[PDB]
Every structure is written in structure tokens, then in C-alpha cells.
Amino acid sequence: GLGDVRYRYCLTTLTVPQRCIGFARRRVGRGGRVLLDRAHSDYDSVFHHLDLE
Amino acid sequence: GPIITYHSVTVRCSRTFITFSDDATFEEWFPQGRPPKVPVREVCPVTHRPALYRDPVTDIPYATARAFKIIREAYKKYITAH
Amino acid sequence: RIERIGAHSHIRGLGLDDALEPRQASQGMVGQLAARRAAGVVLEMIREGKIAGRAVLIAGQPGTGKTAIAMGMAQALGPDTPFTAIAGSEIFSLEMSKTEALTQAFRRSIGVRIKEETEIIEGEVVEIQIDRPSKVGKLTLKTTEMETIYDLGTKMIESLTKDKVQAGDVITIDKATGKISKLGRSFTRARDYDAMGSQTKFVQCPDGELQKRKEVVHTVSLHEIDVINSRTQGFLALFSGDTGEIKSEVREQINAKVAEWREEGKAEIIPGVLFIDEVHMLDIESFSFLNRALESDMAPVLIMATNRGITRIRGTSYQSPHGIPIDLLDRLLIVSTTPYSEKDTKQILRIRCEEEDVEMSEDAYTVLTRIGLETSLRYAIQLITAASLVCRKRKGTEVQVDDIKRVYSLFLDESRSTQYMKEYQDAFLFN
Amino acid sequence: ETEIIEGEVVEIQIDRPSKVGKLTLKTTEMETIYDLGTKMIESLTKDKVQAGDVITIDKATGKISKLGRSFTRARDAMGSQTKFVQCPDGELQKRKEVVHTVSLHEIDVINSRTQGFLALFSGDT
Amino acid sequence: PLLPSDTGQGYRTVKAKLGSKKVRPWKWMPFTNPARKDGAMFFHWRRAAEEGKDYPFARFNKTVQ
Amino acid sequence: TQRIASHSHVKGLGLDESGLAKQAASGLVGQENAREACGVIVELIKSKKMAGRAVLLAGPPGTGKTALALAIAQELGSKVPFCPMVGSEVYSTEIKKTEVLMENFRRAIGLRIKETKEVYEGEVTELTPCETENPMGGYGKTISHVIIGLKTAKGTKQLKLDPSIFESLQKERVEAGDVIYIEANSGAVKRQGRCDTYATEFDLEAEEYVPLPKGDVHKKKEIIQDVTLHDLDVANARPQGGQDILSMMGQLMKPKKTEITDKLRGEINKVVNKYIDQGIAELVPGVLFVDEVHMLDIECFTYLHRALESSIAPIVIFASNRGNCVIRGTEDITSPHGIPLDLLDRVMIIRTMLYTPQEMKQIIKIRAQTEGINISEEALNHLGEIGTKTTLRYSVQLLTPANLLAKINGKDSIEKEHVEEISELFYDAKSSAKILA
Ligand SMILES: Nc1ncnc2c1ncn2[C@@H]1O[C@H](COP(=O)(O)OP(=O)(O)O)[C@@H](O)[C@H]1O
Ligand SMILES: Nc1ncnc2c1ncn2[C@@H]1O[C@H](COP(=O)(O)OP(=O)(O)O)[C@@H](O)[C@H]1O
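Residue numbers (full-length UniProt numbering), protein chains in the order written: chain P, 432 to 484; chain Y, 209 to 219, 260 to 330; chain S, 18 to 150, 156 to 453; chain W, 134 to 150, 156 to 213, 216 to 265; chain H, 70 to 134; chain E, 12 to 448.
Any given hint could turn out to be false.
[Claimed, not checked] Listed next, the in silico DMTMM-like pairs over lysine to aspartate or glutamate satisfying Cα-Cα at most 20 Å (straight line): (1) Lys234/S to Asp264/S; (2) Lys268/E to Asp248/W; (3) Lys415/S to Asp439/E; (4) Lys268/E to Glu139/W; (5) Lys59/E to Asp196/S; (6) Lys268/E to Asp264/S; (7) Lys177/W to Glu139/W; (8) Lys182/E to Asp148/S; (9) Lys60/E to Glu420/S.
Think of the hints as simulated: they come from the structure by calculation, not from any bench.
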């Protein structure tokens, strides 16, 4: 509800070291290198619930 | 001979242990050493992507029969040169 | 739980007092008081077990509890005494002659009880040490009274190492057999390590001295002995039931050996009971064979059931009372069952309602009782649970006579079915 | 689809213990070498295969489907009871899609017991 | 709350694929920006071959009116 | 999908929630009282309280009852098993009749076994002991317990392993670079195969590398399956032991069926009661349908008395279109549907009636929908007449041949003339009898 156009983050896991990554979004960087930026939010310390408790 | 101690000390609580005969018995019995060392990939040079088939002599993973012929050409040429 | 409410689940015995007077209601039974008297006498004599070869038949109208009487008998008898019920049509088989089948049933009915002393020890696994090189072993045990320490046998070593028992456990070993059995882990035994391993309950430390002797008793049937020793690895055939033509020399040899074991206190025999239903289904061959089958000492009492009257002898054209040749008829006595009265029917239906756990109106009882009397008891028994289901569909509890009429209309009865078939005879072929 | 391998083995070195078989499966065009599993070694031995022979190797099973020897003798030619074959060509690995047709009876009988096939042949199921 | 970056190495497992692939060279070449009317000559680390290409980044010349 | 069957059109009894019968629902018409009776029967089945009850359906030729039983089963769903039966099956040359009957009763009772399990998986990373000289006396070269580094695709870890298990894992071919099945609470361990990763680079790899396990190590979840206790009887009665000499001996002989003794049945009852009372298993008693009961003999009816009386017999149904005929086996005895009076007494009964021609029109319309074939009305009325004189099935069969003829004509809908040539082509009961006459 805060309305930040660019601060739209989402959950996901990784391919090889699969696990709850936390609210994260991809972003381009210098030298045309994409980088994953993992956020830090109200549930930062509890990023493992699963099944939508 | 192989002297082994299966003396299960139940002491309250249960406990057990094993005393091998000697370092030789321990080593043959627990030799281990060095990890699996998964190998590295390889690809066919001329077609620049992996080939199931591979040179019987130099083991180069050649894909096509024609790849084989041309690599044999380059081989014999190299040896003729040196 | 595998059981389910059965037509004859309500039966729990015979309801006879000590003087064998039947009680007007007891362990789910009432009626045919003369039949209850006779059955009580039969059960008493079976307990006496001093005589062999006696036989008795039950005759009467169909659907008058004859099977119920037999089942009450079997229940009251108890599990110790062997028992077996079979149907006449079942003997006819494509694997064996009928005579062999009758002999098999007879021998099944009788049982033998074997008694023999034991010699065992049991205690905590106080400590064990095994010394693989043969293997040298040392071990100790204890109980709630004292403790002891013993050497370890090489075959004992193999036994235990295959058992893979953990120190501190509670077990029991027999010297002669040298076979161990775990009897439940103990506080220290299942205290286990830091490592998980498993979780388990506990048992109390044994008591008394390690050595205990003690006596064990077993029981087996004659047919079982016959089969097990017959083919020399015919043992697995016991389940497969593929036994064929068990020879007679085997029968006589077993009879001799069992007799001699008997009179020497080695074991005690027990005269079982055998019941055959629809006895009229037997041909004349079976009548002939069983007619003599009663002289052999190993003769469990027989009980038969049939409602016929002056019917053709199976396999021939001869009418005889219940279709059984007079030769057998003079060898046994009979019991008759009368059709039930009015109020007794009310009692029976109330008992069955209690069985079903469905309690309903009094007018319903009156109407249903009269309807069953007119038509049959069995149709009333069918209507009980049907009315229960209908009323539960109404979402109420007390079944009402209107619901009874609804269900009665829903499910035509025998008389209504034949009346219908009359309504259009040409409906079904071959009339 | 089958996707099996075949060719003509020029030779094999006995894997003295070392499962390195000289898998010189030289087709008319090509050649290579490979390893040789112990199961593979015993298979070659028991089948009494010979060097310079044409054989086809199951991909997954590795069964040594015997096929005889190579053209090196005949279009020297060694005449006997054993069948003779020339050398195949090109890709040792190749694909081959196949079809079959069977009434439900065949499946019933085949899966009926251990050897339903001979029951069919004898028709005594 | 950090950010992993792309990794291409991972392990010493890439002996080949380079000898057949030359590293296209880069040079600190001069250049001019069209957006600068005076065309001030500045420099880029272009990959050599990418020489003379118009200044690709000066296409944003949108202004008020 | 499936070439249309004689009852594919039906899909459900379609009784209103109150139990009353919607006039037409999922392919049904008329017989509303029969539909409500079937509703009561399915209610009884779902009750599960009762046991051993059975019904019989009396209906003229042109069974139909097939549809009723099928709809009953469909409403029952797949949650509960159900098996068909045909009277001729009783006549077998390998086992006695009563054996077949008791066997079919046994196969009608299903079960559901619930069993939980736990294991640890992964790839063997390392292995080390917990050496300690603390043990009494002797050179203190002793291992307190073993440390095993295990890796799943989820990650890696190690656990505390007692000294005894190292001997076990010696037993198995435990080596760096392979995966294993470590039963947590029991200690079972095995060697699936070396990690596929090595084979990845392998140019030839005759062995069959197992892949890398995925997910947590600490899981084997709950296993589940269902069977008919008859399959349990088959499995247990004859031990399998396919390796033993006896196994070779069996495969020499042609496998057959043996009359299973009743003691095995009682023992199965005891063991299943023990499993169920612990909650491990779950029983789902089924129901049985035997058609043309009239085809049986007296032996089987008399035995069915005993079988029905049992408190384990699953519900069963029958059907017959035979009048008061002479009972087979019996030389003279005649009874409705050739069923002895005594057996008739202890069973329920339902009846079906004739069908009015309007009902025929409805059913024919349903069948044309089922086949997905458009019909012109004149065809509807003509075939209604045909069924009026003929039976229902005679009229029904004419659908597809006529549709096909129309396709040959290039038309799509069938018309009066098409059914006319079809009618002349094939003869009904009376016309066929006359031409025979
Ligand atoms: N006096 C009674 N008390 C209780 N139940 C009865 C009585 N009479 C009959 N029944 C019930 O009705 C059934 C009667 O069947 P029965 O006549 O034994 O069959 P059959 O004619 O094959 O012997 C019994 O199974 C029993 O459950
Ligand atoms: N014998 C019968 N008694 C009552 N209804 C029947 C009968 N036969 C068929 N029907 C009716 O015909 C419709 C379709 O049944 P059908 O598939 O023809 O059964 P069958 O092929 O066994 O005759 C059903 O809706 C049913 O109501």
C-alpha cells in the first residue's frame, strides 16, 4: 500500500543451492551483468514457512 | 589375528565401542583417502561441440566421420612436420 | 473389528440355568424351550466326554433358528474345545474322493494337547564382549534379585551376533535350543547414545532366578499331524490344502503312536464337535461311509440340520423322512422346533433392535410384529435396518409406522413378488 | 526407438587387473576406443568373441549380441560353420525405430508366468 | 541483504574453448559526441573493431519547446 | 476414446438430494421406485454397519438391470471396490464350485494399508571415526563412534554413527562417490550406485549410475496402497521364494490354483484385525453383483446360505429374468427365477416393469446424443414404432448402421427412408420367426 513503483520484490529459490532466497529481484549492473538483490523486510529472519501457513 | 573388541558397555545407559588390532588393521579396515574427483567436460574441436565418438589414438572427441578424416589429416601433417 | 453385525451376532449362548431350565431371555436367546433343554443336555454330555460316536439331528420349519441354536451351542462351548462347521455341498470336490473328505473333516474336529517341560533363562544384558580373531566371548546378565557372569558359546556367538542384540537389553535364551528372543528393552538398554538411532519404550527388569525350567503346552489336530508327517515336506501343503488320498497305513500308524503317547501322560486328547449343515445334500455314498464312520474311537459328536419331509434320497428315487436312509435314522435321535408365538416375536424383534441400536415407536413394534408373523420373521429382520435408514433420511430419530409402510411398499416381499409374477406371467421366460 | 551401438572391434586388450578395453570398433569409416567394464570383460570372454570381429553392443544392457567376424577374411576367407559378416559403416551409435503387433492374448500369456512364450509355442497354457 | 554476482569460473574445469576463441582486443580509442556541437574528442575502450560507429548513446536529444 | 459400449451413456443414478428421483439424470428414465430403492441400497453401503445382506432384481428380458447396477457402482464411486460376475464362471475345471464362490466373496473385501517410514539419503562425502582411548585397558586405539559426511542435492551434513554400523557399511560396497539408503530408526543401508556426476564426463559408461538424491535427508514419508484380501491370501498361502530349488520346481510344473484351507483364512482374519486395531490399515468392504443367478445349481444355493450367514460376507446383488422354471440340477423343482424358496426367503427383492413408448423415445434420444449423431424427427417416430413392435435393443442397434449409410449418401441426419432400408435389411423377433416359420 505504500506505493513504491520500483521496490516490488518477490520470493523465490535458486537452482543449484535451492532454498528460500527471501524477497529478491534481479537487476542489471555495470558491464551488462545482471545481479540478484535480496531484500530485507518485516519477515527477514523467518524466511522459511512454506505452504502458505 | 584380527583382534576386535565388540565390548558393549551398557552403563543407566547403553554404550559400545570397537578397538582394532593395530594400525594395519585400522588402515585396511578404514583406508579411505582422496575424494571422487568428478572429471572435466570435453567437446569436439572441429565442430566445436561434444562428440560421442573419440579418436582411438589421441582420444579427441571427433563428431563426424569427416571430422575424423580431417583430424587425421591434421595429425599426420603435424607428425610429418614434427 | 474385521467382524460386522451379523444375522447371528445377537446370539451369545443358550440362556440355560444351572438346572438347565432355559431362561425366557439370556445371552440373546429365547424360545423353543424344549429345544433349549435338549441342547443343554447335549452340551453337558459333551463336557462329560466319556462316550464316542453319538449323533443327533435337528428338524423343523425353515428359518426357525436351527442355525441359531447351533451357533449358540458353539459359542457356549468355548475356544478350548475344537469345533468345526461345514456345508454338505462343500465335500463334493474335484481333488479327492468324498470319503477322504469326510475323514479329513472328522480328523480336523478332534484335537490333541501336548505338554512338555521347558528350560530357559532370562535377564538384562548386563555386559558383553566378543573377541573376533575362532571368537572368544564373555558376557554377564542379572535380574531384580542378583547378577551373574558367564562365558559365551561359539554357536552362541553366532546366534547373538546374528541377533545383534545391544548390551543392557532384556532377553531370554533356552540352553537346549540355544535360541534367543528379545522381550523388550530396558532403561539403560534403550538409553542409547547421543546419536539418534531410534526411540522405544521400556520393560521392567525380570525377576526370580535366571534359570526357570517351566512347562509349555501345545495343541494340534489329528489331520494336522497326518498332513505334516504324510509327504515329508507336505507341511506347506497344509495351507495350500493340496493334500490328496492320505493313505490308510499312515492313519493306523498315527493312531497307534497317539494312543501309546496318550496312556503315558505324554498328552491328552479332546473329543471335538463337528456340525454339518444341509445334511440332505449328501448322496447315498456318504450316508453309507459315515454310517460306519462312527465306530472308530476318534468319533466327535455329530450335529445335523434339515427341514425336509419325505424327500427323495439324493442320488435315487426313494422318498424318506428328511431324505435320510433309515439305517442312519435309527442310529440317532431328533429334536423338533415349533413355529414361534406372538409375544415371543415381540421379544425377539426388540432384542434385534437393541442389537442394531435403533429405538423406535411402540405402534411400529405392533404393526411390524403382525406383518412379520403373517409373512415371515426374516422379512421383518430385513425391514428393521431399512426402516432405520429411511428414518435417518427423514433426519429424525423415532421411526414411525408410516415410514414402515413406505419401506414395505418399496421392497416387495415373496408373496407380493409371486402375486406380481402372476400380474404378468409372460414377463419372464420358462414359466 | 532403440538407439543401439555396433561396429567391428579391431581388437581388445585383456583388462589385466583395469577395465580399459581397446574398443577399436572400427566401422568401414571410423574408429575409437573406450573402457570395458568387468561385466563387459566376462561377457566378451564367455561369448568367446574374437578380435577383428563384427559385433553389435546393446547401449544400456551392453549385451554382446554375437554376429560373427569381419570382412578381413572374406569379401583370408576362413570357412566353417560360424556365420560370417563384413564391416558396417560410419556411426557406431545409430537409432532404429521398430514396431510390433500383438493381440491381448500374447500379453496375457507372456505375463502369465515365467515362460509363457513356450506355453504359446506348445499351446498348453 | 547482499547481492550475489555472476560467476563464470566456479572451478578449474575449462581447459579448452579458449585456444579456438581469440580475445577480441580493446583499445582506448578517441571519439566525438554528436550531442556536443563542438564535437569534443574523448576516448572509449572500444573493442578495436567497433571503430567509427556513431556515438550510440547521444540519441536522447529530446528537449522542451 | 472408447468405442461406444452398451452402457457408456449412463453416468449416474441422479437421485435428488432428498433421495427422490429426478425424472431424467445422467441417462435414466422411468423406474423411479427402482432408482429410489437403489438410493436406499447405496445409503446402506455407505453406512457400513450392516453385513451380509443381499438383494435380487426381477425384470423381464432386455436386462436393463445392467444399467441399474452400473449406476449404483458409479454413485458409489471408486472409493469402494466392486466386481462383476457371470454364472458360467462358476463352472471351472480346476477348483470346486464352492471354492470359486468363497474366493469371489473374499476378493470383494478391500483394504487400505497406511505405513509411515523414515530414511536418510545422499552421497557419501566423507567418513571418519570418533577415536578415544577411554575404554578400559588395552592400547586405546578405539572408536567411540563414526562420523559420516553425507550430501544430498539439497546440501551436505554429517551425523553421529555408532561403532557397530561401520561393520555394516563394510558389508555394503560403501565408497566415496555413491548414494545410500540409511534407515533412520532401523539402520538399514544400501548402495544404489556411484554419483551420476562422474558418469557425466564418461564417454562410455557401461554401469548404470544412480542420480544425485534431492531434498532433505530426513524423510521417507508415509507409504500407502490397497488390495483385496484375496490377493493377500494368494501371496501368503504359497510362499514365493523364487530363488529356492522349490521355485525352479514350481516353474517346471504349470502353475495352478489350490483349494485354500480355511485355517489360512481365519489366520488372515486375526492378523488383519491386529493391524487394523493399531490403525495401520483400513478396510473398505465392497459389494458384489452376480448376473443370471438362475444359471447356478442347487449346490451353490445351499452353500450360499452358509456364505451369506457369515458376519464377514460383503453385500451382494443378483439379477434374473427367468420365470418359475425348473431349478437346474433339480430334475423337477420349480421356483421363481429358479431360486429355492428357502434362499428366496432370506433375501430382499426389487422389480422392474415394462416401459412405455414415450420412454423409448426419450432413451433413443439420449442414445443418439451419446453417439453424437443428429437425427431427423421422422426417423425418431419411425424407430419409435419399430421399438413399439420390436424390442428396445433391436431399435437401438439400427442407429450406427443408418448413420453410416447416411454418411455414404453425403447426408448428416438420418431420415425415414434410411431406417426403411435398414428395417428391410434386418429382421426382428417376430419377423425372423415367421421367415423361419
Ligand atoms: N428363537 C430365536 N431367537 C433369536 N433369534 C432367532 C430365533 N429364531 C430364529 N432366529 C434368527 O433367525 C435365523 C433363523 O435361521 P435358521 O432357521 O437357523 O436357518 P436354517 O433354516 O438354514 O437353519 C437365525 O439365524 C437367527 O439369527
Ligand atoms: N429389463 C428391463 N427392465 C426395465 N428397464 C429396462 C430393461 N432393459 C432396459 N431398460 C431401460 O433401458 C435403458 C437402457 O438400458 P440398456 O442399455 O438397453 O440395458 P440392456 O442393454 O441390458 O437392455 C435404461 O434406462 C433402462 O431403464
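The hints, checked one at a time:
no.	hint	verdict
1	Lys234/S to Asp264/S	42 Å, violated
2	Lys268/E to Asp248/W	17 Å, holds
3	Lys415/S to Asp439/E	46 Å, violated
4	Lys268/E to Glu139/W	46 Å, violated
5	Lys59/E to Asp196/S	48 Å, violated
6	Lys268/E to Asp264/S	10 Å, holds
7	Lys177/W to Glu139/W	18 Å, holds
8	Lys182/E to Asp148/S	19 Å, holds
9	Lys60/E to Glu420/S	19 Å, holds
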